[PDB]
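Have a look below at one chain only, the form deposited in one PDB entry, in structure tokens format.
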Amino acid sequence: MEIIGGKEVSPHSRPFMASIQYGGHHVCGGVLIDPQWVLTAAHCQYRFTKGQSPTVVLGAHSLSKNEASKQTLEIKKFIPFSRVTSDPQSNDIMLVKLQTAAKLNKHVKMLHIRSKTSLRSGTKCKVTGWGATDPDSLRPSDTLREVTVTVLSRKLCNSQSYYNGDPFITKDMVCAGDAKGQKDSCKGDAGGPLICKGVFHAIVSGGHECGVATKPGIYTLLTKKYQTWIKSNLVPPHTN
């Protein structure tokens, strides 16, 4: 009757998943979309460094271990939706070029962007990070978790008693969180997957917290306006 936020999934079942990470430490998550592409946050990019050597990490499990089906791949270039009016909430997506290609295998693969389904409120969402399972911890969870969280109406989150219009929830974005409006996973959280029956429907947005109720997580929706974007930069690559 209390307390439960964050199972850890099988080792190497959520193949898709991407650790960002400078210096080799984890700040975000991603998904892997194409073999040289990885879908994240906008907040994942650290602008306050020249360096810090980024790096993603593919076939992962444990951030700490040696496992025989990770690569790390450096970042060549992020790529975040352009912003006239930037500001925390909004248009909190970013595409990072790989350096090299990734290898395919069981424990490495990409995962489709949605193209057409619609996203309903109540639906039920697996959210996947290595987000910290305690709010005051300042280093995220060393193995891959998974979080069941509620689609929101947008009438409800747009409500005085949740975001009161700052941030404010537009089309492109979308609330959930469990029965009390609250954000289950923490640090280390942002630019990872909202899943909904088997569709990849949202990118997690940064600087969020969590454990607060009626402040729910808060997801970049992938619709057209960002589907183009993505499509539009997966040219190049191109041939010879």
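Rigid core here is just the name for the largest C-alpha set that superposes within 1.5 Å across the two forms. Positions refer to the first chain, counted from 1. Compared with the form deposited in another entry:
- Lining up the core between these two forms shows that one residue from 159, 86, 123, 100 moves its Cα 2 Å or more, and that residue is 86.
What's the form deposited in another entry like, now that we've got the form deposited in one PDB entry?
Only one chain is given; partner chains and other molecules are left out.
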């Protein structure tokens, strides 16, 4: 009856997944949405380093083991929703610009951004990424896993019982967790996607404690606000 957690997915069943890495170490999730662009949380950009070669890993299942599918590209420029510095609070959404477009095979595909589709609370969604299962684990998950979640209601998520206004869940964010209203995925899950009913809806917002009742996960919703932003960077490109 009790006991419940995530499960490791079928190797390379999420061809769009990407690992953001500093010095070869995974720090966040991301979603390839165009040959030379990754979408991830902005929290995921370590600012206290001019070094630590930032790299993106695609077509991977195991963060450790070698793989005929893996592709390591280099970040050309981080495009965060904030300008230079600004307020490193809300708007936890970022665009990673790669040095070269990535080879597209069956283990490495793109995921499309949501459009007209909306997201009602109560929906069963799935989070994908490399987040550890031990609240104390100092290392992320080796294999790529997946957890099921339920979109909580803002009214209930903004209650005194939950975040109670701090952070306040605006119209662009969304909550999700188990019946205990808590977050499953732990270390290294930030940046991953929130796919519901087969539609890429949001981005896992980083910087939140895992395993605490009434403290669900926050997600950045791909609202018109960010579609616009996305479209401008990716369109127009640099062809001409």
